[PDB]
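Protein chains: 4
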Amino acid sequence: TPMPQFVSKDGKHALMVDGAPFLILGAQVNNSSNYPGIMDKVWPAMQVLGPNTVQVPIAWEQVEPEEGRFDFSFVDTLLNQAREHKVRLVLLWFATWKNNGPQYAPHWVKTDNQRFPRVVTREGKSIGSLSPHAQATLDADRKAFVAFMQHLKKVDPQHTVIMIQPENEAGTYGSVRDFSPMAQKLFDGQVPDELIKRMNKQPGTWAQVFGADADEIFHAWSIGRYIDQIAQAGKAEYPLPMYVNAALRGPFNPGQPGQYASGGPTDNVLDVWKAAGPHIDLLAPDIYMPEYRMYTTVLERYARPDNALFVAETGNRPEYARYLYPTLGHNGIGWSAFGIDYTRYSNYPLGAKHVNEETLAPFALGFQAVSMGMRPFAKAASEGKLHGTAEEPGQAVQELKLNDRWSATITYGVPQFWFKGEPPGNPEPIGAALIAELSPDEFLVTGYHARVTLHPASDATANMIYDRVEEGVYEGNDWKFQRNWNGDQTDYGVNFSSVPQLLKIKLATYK
Amino acid sequence: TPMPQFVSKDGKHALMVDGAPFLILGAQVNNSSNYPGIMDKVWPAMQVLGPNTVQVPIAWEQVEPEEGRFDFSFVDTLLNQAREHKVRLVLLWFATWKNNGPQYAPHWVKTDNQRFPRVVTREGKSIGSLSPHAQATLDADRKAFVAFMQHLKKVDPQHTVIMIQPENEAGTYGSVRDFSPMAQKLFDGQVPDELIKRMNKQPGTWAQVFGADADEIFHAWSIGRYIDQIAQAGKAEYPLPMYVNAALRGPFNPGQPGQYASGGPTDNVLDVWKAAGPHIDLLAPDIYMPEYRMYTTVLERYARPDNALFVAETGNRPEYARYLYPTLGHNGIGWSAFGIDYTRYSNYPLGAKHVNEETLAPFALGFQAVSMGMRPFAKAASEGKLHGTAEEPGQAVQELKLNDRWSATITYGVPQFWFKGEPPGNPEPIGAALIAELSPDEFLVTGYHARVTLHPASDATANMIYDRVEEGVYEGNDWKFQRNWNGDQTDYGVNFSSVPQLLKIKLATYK
Amino acid sequence: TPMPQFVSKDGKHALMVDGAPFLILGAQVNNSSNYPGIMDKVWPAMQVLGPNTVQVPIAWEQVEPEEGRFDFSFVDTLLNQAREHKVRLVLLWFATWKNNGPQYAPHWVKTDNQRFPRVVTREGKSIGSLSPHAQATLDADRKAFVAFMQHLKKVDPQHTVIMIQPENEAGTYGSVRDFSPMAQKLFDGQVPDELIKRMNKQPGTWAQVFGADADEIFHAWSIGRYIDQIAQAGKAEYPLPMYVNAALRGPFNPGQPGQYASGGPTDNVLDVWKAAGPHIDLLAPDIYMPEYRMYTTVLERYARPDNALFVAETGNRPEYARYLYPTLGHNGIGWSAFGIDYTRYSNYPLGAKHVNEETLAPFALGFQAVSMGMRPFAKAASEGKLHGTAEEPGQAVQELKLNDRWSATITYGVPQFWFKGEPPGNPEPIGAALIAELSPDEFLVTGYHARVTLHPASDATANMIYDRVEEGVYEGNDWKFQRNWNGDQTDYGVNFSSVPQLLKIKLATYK
Amino acid sequence: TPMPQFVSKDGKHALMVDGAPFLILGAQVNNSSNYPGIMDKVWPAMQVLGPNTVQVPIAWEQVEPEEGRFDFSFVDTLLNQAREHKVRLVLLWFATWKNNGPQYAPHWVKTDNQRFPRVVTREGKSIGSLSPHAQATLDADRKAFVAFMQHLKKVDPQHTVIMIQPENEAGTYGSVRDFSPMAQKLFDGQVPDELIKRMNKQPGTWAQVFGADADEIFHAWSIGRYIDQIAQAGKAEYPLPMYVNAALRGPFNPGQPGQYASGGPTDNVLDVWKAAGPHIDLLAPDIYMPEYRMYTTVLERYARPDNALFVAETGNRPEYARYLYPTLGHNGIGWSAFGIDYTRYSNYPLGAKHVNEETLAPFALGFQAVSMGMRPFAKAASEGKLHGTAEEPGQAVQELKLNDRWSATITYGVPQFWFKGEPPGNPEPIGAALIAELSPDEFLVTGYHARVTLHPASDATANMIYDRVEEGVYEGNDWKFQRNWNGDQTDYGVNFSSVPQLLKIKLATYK
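Residue numbers (the authors' numbering), protein chains in the order written: chain A, 75 to 585; chain B, 75 to 585; chain C, 75 to 585; chain D, 75 to 585.
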């Protein structure tokens, strides 16, 4: 009965849950959906979407409303509800930083700018972001987080909670770093040796070592060390996997640090964050860029040999749903949609104007399909054998290289039969496909609004035979056969529309 | 267990109901919805709208169909039904005047123009309005009203009925005053001393004292004294608060008296009516002017230090619903929509072509929101601490000054998140906000189709902190907490859509 | 317990049913809806429409399928069903003529053109209409009709059946008369004395007496005498009222006889039919002319001092519904819509493409309204005191003279409140009003999509007072009060929309 | 209690089921709807459509997954379900050929191109079609088919299964014939004597006898003999009727053999297939040509004196539904729509994008109408006395010759009453009519979106009388009368809309 753990070796990764790889199919409630009196607007939405994991804020202001006086009653209530509604949990520690700011820190923290000081701009102004350099703020956050992880260990031997997110989009808007004297005395000092090593540099001060990027790298290092110390102390009580989430900078035309949240784990300081954070298992992007080229580039930059891809947040508008499968195709640990409840809040223009059964349906389709084979899909991801893709506007055909023997053509917006002319694509980009290689000649295949045409990748497989195309579902790891597709259903690839269908396809050659 | 009473001192007012301030959230049935056989088309509409007070006609013709033979059986039935359906009552005495005319007076009154004479025009014609100068008509109305108030005292110790409206839009169409000899002998006489005092004038006859306005002021005085005598005699039996309602003249381009109902409490004879009517607690406007500038000007003119604002009637078309909150913002006693039943009558073009759940929804939203905190809202109004505003077409932003420390920006038609560009306003003007100052740093806030952004009003509060933003409801005066809004839900003001939500917002500063 | 009877004296008429005047609010099933196995598609439509009288074919071919072998089992079944579904019946004897033809005569009649000969054209051709001159055909029809009326007397002491229609649109298409030798020997003879008397003519042969109209008048006389003899023999067994129905000729631009059904009771041979038919109580028009001027002219021509108006058939398209009230305004005996069942037959373009709750609603509204006061309305018609009108396209205002004291203005398509501008009319012509004078100052008033404004018709009533405007219903002749309309509901006339409402309006004058 | 049998003599044909002629009103499930776990998406669609016969694949790969190891469990389950849901079955043997290919043959067949060789092109390439010349493939298919028919005999004494289809669209895409040496040695040989006889030719080799068509005729003969041998061996175990289905070549502009499936029973090798296949009862077209002229021409070419017409497959788009009645008008054995289940597969553009109650309704209408008289309709077809027609775009009138005495005019898109102008046709071509001659003067008539006007075909019947027009249904062969249509319902022909109605019309003449 092992607890959840994150493993990563030689560029292959797994979130182990109950002793086997697990893929997070996640939903995050809105930021103020973290009280008993509002949960009856959370669970009905989850029942429609059907995530296997729900992200919920655990606010520092609610568990330590007065210093030393802890209250974990909402954690207790939430664990009971998640167990009743059959989901795992990822708890979000809203503390020193939530979207750069201290708004979720307790009254006795965020109103006391002397004991818990804010970042000071170069021009001398205090701004709405707590300085990472103050020992008092670190001590207070870590104490509450330690008490949190101690409580969790006592009341969750079921391991309902599988990961913790310490802080939420840490970083600073409105200044590249802290310019207070306390900060400057550290910025004037020598760059720590660990960072010199990891960055392949020569010793010196921050200004000497990093030049024009010293301010931003200093801030990223200082935030990273701050959260790493919290993660280390919490893991000493209850060593759940832990990750931080990034408010992104633009992948192609980023602004200046401070326009984006400086110091957060943005795509230019990933090495700094890895060096600062040996106790942080991964750096997760929060992706609200609906354009295909931007979204998929962010996925590629955060999927590294030293970083399992977890899309911790993404939009809940219907065009976002299709990005689930390409995310899983990077063989990370999963993907989560943000803003899933019926509280009538909307983060439009980032997300949907409303959350209801219609807006959730495109998301539920993928969650249902993956859930039909989640443990085999997760095993495949743990071995780097998952492939996934989403439809790009203006391109009705994609090619997926599977292995030496087979490839898959993905065609969007076509009939499930012979068609004349070039594939038109779906009227809106809504298609996706997901393929796991189970063995060299057998694949798990699902998709929607799309045709998947497996075909030979070499002369050795030119004489292709469909041996079986079994529709069915897995119970855990046991395959439950429904029917063998054949005839019209495989003559023009295998075609998916709007219902979740999993196909276990065994290929052969005639000899 | 005190009876209802109206208190007013130094420009602050309260309708005391069950020993505490009360705000009327009212609905008035149509003019012929005052019989047992039609009430099953009243209560289903009230169940949807959810008023806390219902206005119903009590017709002189129904309670004294023959002289001396009183019948209060409908009053009895109505009290039972209002108690069953959990509303308070305001009873409208349809007697000497209903919309200037005697149509609701009994057969033995309105067919006898000798004993109960009509106004005579300057040219000698009797018109459809009873003369205020006839002692017989005053005596007969007052007798029936006294018997009415005696009956009410006996059968309503519960105080279901909280106010009485003697007469209904008294005044005269088609003549500025009565020109009959009976009238002229009074018009030739000396202006009574009380009116000379209140009007800051020198003694004389009506023509000497008031000049070109003598005819209209004489008529207003004479009607005012007539109704005051009825109110005084009724209050001697059962001293419920009492008010009269005004058919309005145009605020900017009024016609001549007689085109509008001359002698009624129009905005140019309010002092005359106050002098004539020490036993009439307030002069209430009936507002069927949907244009923002006209509607809000009428509110300002009738909200005086000597006159608590009560909007006794207003339209039931959807654009009217938003005027509830600016009305309450004048710290009067409430607001009532006219024409609320399912009898299939329509007073379009003044009001809605139909009354159903769709047309009532915009009204129900505000009634539900205010009802969630009605007694605290009424306490705030009794202290002059209520603020309210409605959306004006072409203006997407309003500013509300709250106190020395805080103000509120009201923004219409915007996302509940960051938006680029100037606020567009709602496509139709439908937004409103209502704010009560509970203490210098704590406010009750609700609105719809609107964003409320509290912000510093002085250098002393520049370092603004949201201490709590508690969503919840009051049970009487006891606050029932649901959740604390934070994060996305307060980063861009607090945003309201189409559901009733009450926020108790405590502000702080970091130090 | 009297049987139904028709009375007519000095231009005033009544269908007496159960000892008092009765107004037929009728529905006729389609022509093949006269068998047990199809009645379950009749009664559900009647339940929606709510007629008080249903017309049903009784086919000669079904009650005498072989000569001498009578079968009245469907009559028995139908009486049971009409009693169960609470309607009266008018039975249509489909025999020698149905729409000019013998198609409903038994096999042994309509296939035997020797014993039962057809009309012969001038050029020698037999056409699809039976000759009225053959004694064999008269004898056979009359025998079956006598057996029919004998059976009815035995099995209907309840008087479910209130009238009989002998034949159905008798007349001849394709020839003005019979030109066979049998016919010519009668045409050559002397005009019978009774017809010479009634037509104010001098004796002679048909050609001498009537000139160019001799052929058509001869045919009308001969058909009239034929049916009169059947009616006389049937009435001798069971003297129910009896009427014949007319396929109309054009009121303004009629064709030639034979294009229209020559010999039928068309508007130019009404005197001939009255002379030929002393045992036929009335001549009823079948009106499928939707244009206002044509429809109302037909009503005027068939409403005579010697002819009570009964609209035996009219269209079931929605524009026809409004013609009910002007029909009743001629103080005849009622009005019936044709084609009322759910068999999925349509007589479009004459009638509606479908029969369902939507197409029936405009008809049901009037039937419900009249049924709320049917016996008082019928009493008023029996005295010539009913007034009715329907909306004409392009005319939004009509005036109804009621008596010396009062008139009514009918205004179409206006608000139920003050409106600026000229009345626009309803977008389609759908309005109607019905007014019964109960006494000189009291009226029964109903309407739909219309305003009724009673107003003085003389200087004596200039000082008009609404004494009562009672909404309610009658149970038999007992008035059941609901409420008194007043205020807004009578300030702009009394306004009717889409629900059935009956108002008993007592007018007064102030003195 | 006879088993099903096919009889054909002198150009008249019958499928005898339970001892009497039977007309297949068929539905075929999709190609992968042949497993227990998917049948719950078959029967709900059949319940809506209401076929009397369902076609289901029986796949060689499922009944002999390993050689010698038979498994008929799905056959057993399917028989139980068809009996429960009250349909007959036609089982489709998916074996050596399914749409030219071996995809439904077992693993040990289709992956072994040595023992079970594919067709070789002229240029030397193996293509996806099994060669008919290999004795091993014939032996293996026939063995499995024999075991299949043996099993069926044991478990289906109820005769739920009425026909078998050996193979499915046999033929070859991509080559006119096999060019392998094995094939060429047969092609070089002498044409068998039976084919020389039937083709009215002189002896010789294939190239000598048939010239430019030798390749295609050789292939058709070789496939025909292959399947005939299977049919003969299966019939020896259980002699159910058997048929083959044809992937069609274009009727007017066919491509080359190999573009269409060469060797299949295309319209140019019907004589070859008749000569090769004395044990194959008929050659059935699969018609996915929606254009009227192409569809009806295919019907005419496959309806031969030596070939009963069975439309084994046709489209499930709504325009196809109307082709049922003209198919039955060729006096064959029935008609079946392809793709009838709720699995969410679509063979659009050939068929409908979706299968649901709306898309099935036009098909269900005809199935319900024919089912109301199926055994009399089948008796009439067995005697060549069925007549049927469908609406052609641009032609609103058709004439059907019935016999010497009567004809029927079919008019599309007109009212059920008199209309002015030329018939417009239905907006889309949707009408059809079906007429059985029961005796010289009595007909069974049904249709939809159409008028049927019976009229004289000779001077002897000029004096036409409708004797009876009985609406009703048959229970087996017993007529159950509902009503006699007359009057309006027969004055303008008999008119059909969207509900199933069967009329038994007896015609007479008056004398």
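Please keep in mind that the hints were generated in silico from the structure rather than gathered at the bench. Among these hints, one or two may not hold up.
Here are the computed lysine-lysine pairs in the DSSO-like style, where the Cα-Cα straight-line distance is at most 27 Å [what the hints assert, rightly or not]:
1) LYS115/C / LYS580/D
2) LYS259/B / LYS585/C
3) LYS494/D / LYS427/C
4) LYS115/A / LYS217/B
5) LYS554/D / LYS217/C
6) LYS271/B / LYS217/B
7) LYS199/B / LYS259/C
8) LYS199/C / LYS554/D
9) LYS199/A / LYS580/B
10) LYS115/D / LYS585/A
11) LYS83/B / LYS271/B
12) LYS199/B / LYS115/A
13) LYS580/A / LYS199/D
14) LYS554/A / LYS115/D
15) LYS494/A / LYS494/D
16) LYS259/D / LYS585/A
17) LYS86/A / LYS580/A
18) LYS199/C / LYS115/D
19) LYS199/C / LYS348/C
20) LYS115/B / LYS554/C
21) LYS199/A / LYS259/B
22) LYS585/A / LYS217/D
23) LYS494/C / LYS199/B
24) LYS585/B / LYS217/A
25) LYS580/D / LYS580/A
26) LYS217/D / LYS348/D
27) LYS259/A / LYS115/B
28) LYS494/A / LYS427/D
29) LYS115/C / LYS554/D
30) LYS115/B / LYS228/C
31) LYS259/C / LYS585/D
32) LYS585/C / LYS217/B
33) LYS199/C / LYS199/D
Evaluation of the provided hints:
Proximity of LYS115/C to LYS580/D is assessed by CA-CA distance (about 25 Å); at most 27 Å being required, the pair is judged to hold. Taken as a hint, the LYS259/B and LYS585/C pair is honoured in the structure, with Cα atoms around 24 Å apart against an allowance of 27 Å. Straight-line distance between C-alpha atoms of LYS494/D and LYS427/C comes to about 16 Å, which keeps the hinted pair within the 27 Å bound. Of the supplied pair hints, the one linking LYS115/A and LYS217/B is violated, its CA atoms being roughly 58 Å apart against a limit of 27 Å.
For the hint linking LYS554/D to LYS217/C, the alpha-carbon distance of about 31 Å lies beyond 27 Å, and the restraint is violated. Using a Cα cut-off of 27 Å, the hinted pair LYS271/B and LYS217/B is violated, with the two alpha carbons roughly 31 Å apart. Our distance criterion of 27 Å between C-alpha atoms is broken by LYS199/B and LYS259/C, whose separation comes to about 80 Å. As the CA atoms of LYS199/C and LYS554/D are separated by approximately 39 Å, the hinted pair breaks the 27 Å bound.
Under the criterion of a C-alpha separation no larger than 27 Å, the hint pairing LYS199/A with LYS580/B is consistent with the structure, at around 25 Å. Taking the CA atoms of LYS115/D and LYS585/A, the gap is near 37 Å; set against the 27 Å cutoff, the hint is violated. Note on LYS83/B and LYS271/B: the hinted pairing holds, with a Cα-Cα distance of about 21 Å set against a maximum of 27 Å. The hinted pair formed by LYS199/B and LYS115/A fails the criterion: a straight-line CA distance of about 68 Å is larger than 27 Å.
The hinted pair formed by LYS580/A and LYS199/D meets the criterion: a straight-line CA distance of about 25 Å does not exceed 27 Å. Pair hint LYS554/A plus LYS115/D holds up; C-alpha atoms about 18 Å apart against a cutoff of 27 Å. As the CA atoms of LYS494/A and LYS494/D are separated by approximately 45 Å, the hinted pair breaks the 27 Å bound. A threshold of 27 Å between alpha carbons decides the hint, and for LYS259/D with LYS585/A the separation of about 24 Å falls inside it, so the pair holds.
For the hint pairing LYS86/A with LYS580/A, the CA-to-CA distance comes to about 25 Å; that is within 27 Å, so the pair holds. Taken as a hint, the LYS199/C and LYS115/D pair is broken in the structure, with Cα atoms around 65 Å apart against an allowance of 27 Å. Our distance criterion of 27 Å between C-alpha atoms is broken by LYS199/C and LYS348/C, whose separation comes to about 31 Å. With a C-alpha separation of about 18 Å, the suggested pair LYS115/B and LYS554/C falls inside the 27 Å cut-off, and the hint holds.
For the suggested pair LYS199/A and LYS259/B, the alpha carbons sit about 80 Å apart, so the restraint of at most 27 Å is broken. A threshold of 27 Å between alpha carbons decides the hint, and for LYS585/A with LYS217/D the separation of about 23 Å falls inside it, so the pair holds. As the CA atoms of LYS494/C and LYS199/B are separated by approximately 26 Å, the hinted pair is consistent with the 27 Å bound. At most 27 Å may separate the alpha-carbon atoms for a hinted pair to count; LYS585/B and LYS217/A meet this at roughly 23 Å.
With a C-alpha separation of about 64 Å, the suggested pairing of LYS580/D with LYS580/A is violated against the 27 Å cut-off. At roughly 24 Å between alpha-carbon atoms, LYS217/D and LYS348/D fall within 27 Å of each other, so this suggested pair holds. A C-alpha spacing of about 78 Å is found between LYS259/A and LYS115/B, which places the hinted pair above 27 Å, so the restraint is violated. Straight-line distance between C-alpha atoms of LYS494/A and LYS427/D comes to about 16 Å, which keeps the hinted pair within the 27 Å bound.
Between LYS115/C and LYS554/D, the direct Cα distance comes to roughly 18 Å. Compliance with the 27 Å bound is thereby established for this hinted pair. A C-alpha spacing of about 49 Å is found between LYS115/B and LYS228/C, which places the hinted pair above 27 Å, so the restraint is violated. A distance of roughly 24 Å separates the Cα atoms of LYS259/C and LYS585/D; the hinted pair therefore holds under the 27 Å criterion. Under the criterion of a C-alpha separation no larger than 27 Å, the hint pairing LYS585/C with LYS217/B is consistent with the structure, at around 23 Å.
Distance hint between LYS199/C and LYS199/D is unfulfilled; the C-alpha atoms sit about 81 Å from each other, more than 27 Å.
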